[PDB]
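In this view, the complex is presented without one of its protein chains, the others remaining in place.
Labels run A, B, C and D following the written order; every chain starts at residue 1.
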Amino acid sequence: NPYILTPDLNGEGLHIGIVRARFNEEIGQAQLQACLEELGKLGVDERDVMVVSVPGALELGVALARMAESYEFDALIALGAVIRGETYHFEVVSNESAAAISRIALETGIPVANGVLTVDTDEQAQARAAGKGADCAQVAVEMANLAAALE
Amino acid sequence: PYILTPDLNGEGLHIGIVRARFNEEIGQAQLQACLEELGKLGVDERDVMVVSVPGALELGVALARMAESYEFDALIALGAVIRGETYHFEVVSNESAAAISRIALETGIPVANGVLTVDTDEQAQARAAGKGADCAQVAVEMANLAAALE
Amino acid sequence: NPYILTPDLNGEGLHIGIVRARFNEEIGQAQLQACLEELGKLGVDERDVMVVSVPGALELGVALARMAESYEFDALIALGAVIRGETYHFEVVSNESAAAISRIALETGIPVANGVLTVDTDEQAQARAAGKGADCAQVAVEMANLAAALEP
Amino acid sequence: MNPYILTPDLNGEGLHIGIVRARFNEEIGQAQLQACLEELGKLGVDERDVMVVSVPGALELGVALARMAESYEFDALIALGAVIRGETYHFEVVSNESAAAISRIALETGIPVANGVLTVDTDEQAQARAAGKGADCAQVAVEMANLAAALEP
Partner (left out) sequence: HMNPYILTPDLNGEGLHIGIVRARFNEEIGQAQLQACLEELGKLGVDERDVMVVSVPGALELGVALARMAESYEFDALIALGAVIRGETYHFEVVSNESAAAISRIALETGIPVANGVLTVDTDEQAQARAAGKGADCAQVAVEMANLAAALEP
């Protein structure tokens, strides 16, 4: 019987930062609403959440990095959609955006929820946008509280 | 040629566990097999900590904070990445493994990679218990191997 | 209604650095013309923009890095085209050039627009050159302003 | 042109070599190591200057080589083992990460690390390459250890 930390989905008093990659506009918009309502449903106050926008997923890294450095946020959320087109640009954007999100969380200690879809079709992104947005709100809240522990 | 001999001895070691809950049943089977093997090696139930994160992408931040505290001789990563419909499988598989590798290299804390990267739920089920036990065997040996080399 | 920062596409007073990988020259030149024209439309002064060129995408990293380190530029732009040929060289050039662009922006804090095409055919590069050049101007301007809001 | 051309130096005399062996695929690793030590001695390395360690798998090579490199007790390091494709993407994960760690350690500490980890599709391919790969890693470690010493001061 080992000491088992229980997940804490209690947004009360957490400061959450959100960055939305706008490309595939309709997809990003659906994610954000599902994310914000779940944040409020989880206990996050509208006054403790900031939302910013970037043209595309490759620009997420520089934005999320600056917010992590401010240390004003307990956790961050990355939103957006990369939809396969005709070229190897899909694999590049998918790899680099995911790696940057991963790297920021590791070096600054600020959890970053990876809500960036990497899909083949608009239909796949539409089916996942709202659900993944809600999941990203849950991941940010739990991982922010998990970060406060272990400190 | 001096040949360091393997040392499989939990014996009072503090081992940290992070479990990605996605594909929950798989993670629980790994954790059950993992703790059982840890005790079989001599790790005290009060000296091993277990933490949970939603998915494999959240392992990096959890394992990282635990490693920096230097409270643990070795770490264990558990969870399962099962191929679905999208390139998300390759992303989660690559980044989760890269973080586990990176935390071990930079911090000196060995991290057993118990994250399955499989194509089907059936493959994860066939391997869950075996890989959980192996991560206990790797975590114990690598914690001890660090001491002979520190 | 959470505080929602709105995009700022106002180039006025911004200093932009541009690095153009010349291999597949016609594509790089089309991107540069579309990029500069869009920069001016956003309010960037022609006297505040520097343009340098390198033989290929693998040489972008070292040039962009020195420009970022000088901290003379609010944002940087990488232009060029990697077109699949006969060998794994395509995957190597595409991966490493993109990875360096990401790493420079992450570590120095200066946004770098990734305008390097990674395509299979010359026709694909031609169809995308002008749009990607102009898009890189919009990304550089917007992200330079976005960085300023978080700098203090 | 007649530029100065540094010539390879394959004179192990007095070199201290560290070895880390991934035990998974047992027969492959020892066949590599026996071939490796035999070639090291043929190159002039004394048996008293070589240390040998074992790890469960290739993914644990990185942390072990890292502790040895940080000590700066070794002129060059060698990583041995075999990754044989099975049924899952695990083959690519182990192959990529283990090689990347070997690469990163050599760059950051300046201590060359010979990459002796095979990445093959079948046991038969691993067997065909095991013996040659042990010897090749000895020639790489000795030569690259001396090349670091030249470029040193």
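Definition applied: a residue touches a chain if its C-beta (ideal position, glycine included) is under 8 Å from a C-beta of that chain, and two chains touch if they have at least 3 such contacts.
In the complete complex, the residue from C:27, C:30 or C:39 that touches the missing chain is C:39. Checked against the hidden chain, the listed residues D:33, D:37, D:50 or D:106 yield one contact partner: D:106.
For chain D, the residues touching the absent chain in the complete assembly are 1-8, 85, 91-92, 95-96, 99-100, 102-103, 106-107, 110-115, 118-121, 125, 136, 139-140, 143-144, 147-148, 151-152.
Although one chain is not shown, part of chain C still touches it, namely residues 18, 36-37, 39-40, 44, 46-47, 49-56, 58-59, 61-63, 65-67, 69-70, 86-89, 92, 95-96, 99-100, 103-104.
The definition used in the following text is that only the chains that are shown with their structure count from here on.
With centres set at the average Cα position, the gap from chain A to chain C is 25 Å. This structure has the following touching chain pairs: A-B, A-C, B-D.
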